[PDB]
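Just the one chain here, the form deposited without this ligand, laid out as structure tokens.
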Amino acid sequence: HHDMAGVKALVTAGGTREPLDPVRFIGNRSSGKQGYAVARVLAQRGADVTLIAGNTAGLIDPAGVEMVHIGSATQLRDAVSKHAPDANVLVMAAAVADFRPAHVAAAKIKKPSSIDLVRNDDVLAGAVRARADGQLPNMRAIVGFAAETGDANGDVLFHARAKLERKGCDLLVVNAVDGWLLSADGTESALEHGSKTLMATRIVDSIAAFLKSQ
């Protein structure tokens, strides 16, 4: 059906690239496919979708979705800050680089020893803090994504719960590196494995349930 009519959705997808010079960057391996799928499913179910996309596995701009393209984490933060006021739902599915090189050259570096790094802003935490300080009165659902693994410091669910708690978002989509939907009300739903489209359907369903209650 069209159970998302009127809802303005802001989605981020793909990995960011943190330049060292015009040709080299620090990047990550995320394809952006899962975020695109959520944007497509949101748009199909009646939402006005803006998709902020970084580096993608040659993906095609989805139909009927406003596209914003970005390169680095800082440009993603600016674009989200730009469009966040008009959004009812923020879906932070982008793999945002946690650091950027301390210096960026305008011309290719030629033939060095060490790259100094500086921390990037947490865009998801910024949206959570802004909504709680009354600056995003239109925002009804903030969704983060996380890939978690168990290790010597804790099982996978322990780490996923700690992330939900630290971020403070309404829903945390957890991929167990299948996974979970962790809500801010404590509910914990297993996310059955399937294609990127099928898992997007379950995510959007979860967003819909959290909106129809609020």
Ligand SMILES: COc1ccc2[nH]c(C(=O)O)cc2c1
The other form holds:
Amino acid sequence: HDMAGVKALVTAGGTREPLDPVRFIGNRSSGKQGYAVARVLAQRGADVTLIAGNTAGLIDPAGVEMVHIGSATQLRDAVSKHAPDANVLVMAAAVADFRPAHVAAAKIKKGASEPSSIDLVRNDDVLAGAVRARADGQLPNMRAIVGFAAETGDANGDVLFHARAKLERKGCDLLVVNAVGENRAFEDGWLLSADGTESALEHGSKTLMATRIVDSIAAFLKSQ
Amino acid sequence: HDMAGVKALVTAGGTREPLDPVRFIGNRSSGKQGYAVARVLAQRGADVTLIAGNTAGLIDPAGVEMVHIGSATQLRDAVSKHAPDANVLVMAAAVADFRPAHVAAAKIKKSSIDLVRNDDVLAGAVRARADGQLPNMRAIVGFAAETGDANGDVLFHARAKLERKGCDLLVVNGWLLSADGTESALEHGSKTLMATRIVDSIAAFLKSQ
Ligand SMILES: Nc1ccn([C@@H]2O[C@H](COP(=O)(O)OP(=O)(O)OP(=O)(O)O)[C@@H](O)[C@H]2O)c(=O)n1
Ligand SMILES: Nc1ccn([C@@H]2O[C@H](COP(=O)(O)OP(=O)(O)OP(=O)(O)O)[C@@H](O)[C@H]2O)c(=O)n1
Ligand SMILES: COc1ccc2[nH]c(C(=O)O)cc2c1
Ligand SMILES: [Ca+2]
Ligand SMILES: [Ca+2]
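Can you give me the structure for the form deposited with this ligand bound, which would complement the form deposited without this ligand we have just seen?
Now the full complex is given, and it begins with the chain already shown.
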């Protein structure tokens, strides 16, 4: 029970930026990977609370207090509220970077006219505010902040050169890059610790992936 | 088994228009209504093909030919390949009306997005039949999604949609509008009963033909 006596808060799923009651803007996270690690935590003795975004269809993990949100701002409101109680923070949510400038209260009808263009307004970075909040002494309880990253690589640089920067810019303790697995085929794995450790993530299932991460988390709490 | 020897084509769920590998634009359909009709359809003897977009984790109906799609262009092309074989088309998919002007092949690293309209598949099916490309098509069904405003009721707007679209039946959400001008109400029973009233209403038409 390596995680006995730990209150752990995790975010999972992808957020939806409404355009109107029906249309919206999204990121392609199923949420399964985030659910998978919270489930392991509960297994290792951890006190888990799950903020989940649009992951319905998935079954609620046993022993985990669940809270549901929809927009990316609804996430920030949810995270801010439960955060000063948690010992560990895990942000496996694919949070939307932007949202429509205005939301109509009703459906927008399809016209025979040059389809207009959607202007955008930036959403609050939840993980960056939490590093600041702790840094400002607002988190006496927080012992661990874990991020998740997706990188493909550009001609600026590969997938790996890109997330050493993101780890340095966001300032979290561990960063999981390219870490979602496959149970079906065609469905780079990299753990970046804050020590400069670049342990690679074995290609495998969501569970072994989820196990290695909590495995990587526990060690840190012991080093602390 | 009133639907013996009937080839039937169904769409259900929603489409997703890529922005890049990760971001996309969609709708909020469950797919439940369409899956329910294909299910009821199969029960009465139909050769069912389900072109299915985004759902809530729904399970593929059985005895149903399934086709899975993501974008709306993937749907149009999916419907076109399978259309000349069917005797009935049921267009319960919530199809995206537009898609991004540009799609990135890789992730966009951290404004305004320009848009392009998607071809209206149901309208393309209604005229296609009128033009004699579908001797096999005997019934074409649309589904209306209305919230309403000050220009009219959810109800009025969709009297317009029946005339603009030109299909055999239009089911509004619970109400059902025939091409006779027939206007029926749907009791909010189970989606299973709604789907039952619907196929019953579809069947009635094929005899009136
Ligand atoms: N490009 C599109 C979009 C809609 N659909 C179909 O057209 C019907 C009408 O649905 P609705 O979205 O309410 O009609 P729209 O013409 O898109 O009206 P609106 O202005 O509300 O968007 C649905 O069966 C849907 O499957 C379609 O085939 N072609
Ligand atoms: N508004 C946001 C966006 C992301 N994150 C967190 O920051 C990490 C970065 O995820 P990713 O989307 O891959 O990177 P971005 O922050 O979007 O940066 P970029 O656009 O450069 O890829 C993730 O753990 C995510 O949960 C967050 O909480 N706040
Ligand atoms: C945008 O980056 C992504 C893309 C897909 C994803 N899936 C999951 C998951 O929780 O399974 C997380 C996640 C993040
Ligand atoms: Ca992003
Ligand atoms: Ca539409």
